[PDB]
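Number of protein chains: 4
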Amino acid sequence: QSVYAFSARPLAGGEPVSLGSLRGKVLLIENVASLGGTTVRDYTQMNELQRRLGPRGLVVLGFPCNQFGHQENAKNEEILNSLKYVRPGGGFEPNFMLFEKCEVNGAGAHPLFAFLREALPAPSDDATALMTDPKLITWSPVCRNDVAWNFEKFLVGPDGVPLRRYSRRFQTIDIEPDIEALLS
Amino acid sequence: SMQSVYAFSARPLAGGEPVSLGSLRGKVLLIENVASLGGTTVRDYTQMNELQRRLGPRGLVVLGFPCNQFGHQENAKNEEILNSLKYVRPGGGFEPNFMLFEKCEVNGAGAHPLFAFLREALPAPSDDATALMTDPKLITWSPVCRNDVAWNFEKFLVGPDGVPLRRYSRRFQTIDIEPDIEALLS
Amino acid sequence: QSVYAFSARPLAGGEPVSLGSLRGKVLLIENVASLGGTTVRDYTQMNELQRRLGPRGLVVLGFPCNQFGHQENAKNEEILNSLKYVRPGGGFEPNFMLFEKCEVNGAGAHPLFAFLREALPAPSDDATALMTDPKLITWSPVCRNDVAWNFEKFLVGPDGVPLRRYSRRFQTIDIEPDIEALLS
Amino acid sequence: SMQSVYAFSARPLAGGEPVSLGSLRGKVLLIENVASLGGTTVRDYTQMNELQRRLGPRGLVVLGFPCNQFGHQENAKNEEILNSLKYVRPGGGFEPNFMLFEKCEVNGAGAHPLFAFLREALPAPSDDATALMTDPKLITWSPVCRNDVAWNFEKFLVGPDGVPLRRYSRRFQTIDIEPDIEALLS
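Chains as they are written, first to last, in this note's numbering: chain W, 1401 to 1584; chain S, 2 to 187; chain L, 1401 to 1584; chain Z, 2 to 187.
Chain W extracted, bound-state conformation:
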């Protein structure tokens, strides 16, 4: 029933981090990309939430993924430099945990995302849209619960149970009221 069964390797490499190390925390999980249309908006909002609400129990987790218009083509070792010097650029550094690149859809999906997709089969704000241009669906198999683009969001309660999914178009910062409800 919970995300605590799963682990992932930090972007820099090294030992996997178990999500069970985050028991009691509210988690905001996003699949991320460095050259997407919402890279700047979502990374800056993720930083803002982590800074403001981290001390109260929020942990933001980002999972780089190259399945959506190949908008994460850089290697693991290149991503922080892209964020700092290209987009957002201007010295930007994430203040939350990034993991190694993975897949979120198809047979190669990281098990955490297979789990999240099945637990919350469609975004709360957009139950219907999957992809406008079918040429951009290039993973296999394709499922009705698949992540549609960069920066979908999954909100997980302090018991590790996925609570709500938000689409590519639902701004990260607009999840704050739902996070604050869980914190208090």
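Derived by calculation from the structure, the hints in this document are not laboratory data. Only true hints are included.
With the Cβ distance kept under 7 Å, some of the chain W side facing chain Z (calculated, not the full set):
1) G1469
2) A1474
3) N1481
4) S1482
5) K1535
Idealized CB from N, CA, C, for every residue including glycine.
Chains S, L and Z: place on chain W using the hints.
Only chains S, L and Z this time, still in chain W's reference frame:
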């Protein structure tokens, strides 16, 4: 604010005046998107004929909508489809005993409004909420939606008030829908 | 250098026919389909050429192929019925040899077509067009010499050497002057 | 009736007034479609810089055209590309020493006219006349032509009269073009 299937109409395969589904009030409807050269063409057409024959007198109406969006398995023209069924597959003189409509799309911006409606009303098959397509190259319509019909011969069961009741996947046999139909006829 | 190295099984099944059995004949080879936009035009013209020029040394050979808009979905055992009763319909029967369904492009291509494509890398009448809708290119790998659609044509001389390739838009019957030159 | 490359112009990466290639008469041109996050980005950019540095004084001009049609390997905006090269890949402070133009398409109906021309003039790479794409899902432009650029970093060598002389595939190293360039410079 919720429509029923009776809002919609479709042209018979032979052409001519649209038939409004509103004329079918009181009937239980089994609606399928069909194809003439699909892996389940024989099984579903034979089973649809069986249900129509046996349960028609008690209020079942089976409605088939040819569609070429799934492996291009309905490439024949409207005027060719009955010949394909009769002489090719199933062949052997086979004739549908239920209503077929003109070829249409079920997915994407060009979808017939009846299917856009059914998909929204029943957003995933009751028996398989997750599978959409194994080979992504076979998803060729636009836009793509989570509620899209996945292959030839999905099934929609509609009550005698026009309300969609249940959706069944491409793998769920037509004949296995009989108990759900019987419950509505009763 | 010649097509005589290759064999194919007749549509009805049974022992392969070696193309070496056709030494001395002019060959017109087409990839065919039963539900294509030029099915009627090309099948009727193929019959006409076989009837008129067969006695003088022409052999027409058709290779059903489902790689182009899946326009050959019928099984081998179904194709003649489709031609007779659906399209062209009206009792139509090919008067030339049809073979079992095969692929002409990609790693699974019948070796005859791999050979023909390499020998004559682009149609004589259209060196450039391959596909308008890229979603219809679904074989692998993709090569510059690939057959573009149903009913490309390959004209082979009486020595078995491929002489000329013709595109999907070059009518079968318009190959007659080139055939007649080789016959005489 | 045959054009030369001098018929065409392109806007510098930084923007502003189109540069006509006609201003380059007398120069040997090496034209490449480029990308910042490709498997040969480091190799080709480093080798292009080397050729430009060594053979520039003798008449070589290297011209790079960013293009996002191949695995979306040029997703960065025009205003981001130099930063990606400097700080990401190759990184380490790398700066091109040759002219880059604004992002464009090389294949399909939207292709920059220079590439539509080059493709027709030299319809297949001299070293690989046959390969176009291994994974068909990566062919996403329209229409598709037999002469299409197959991946990032194809190369076109143009003589000092503007006539395209030779095309080289995505796999043929930039530095391995040097002998052909030297022959034209001589």
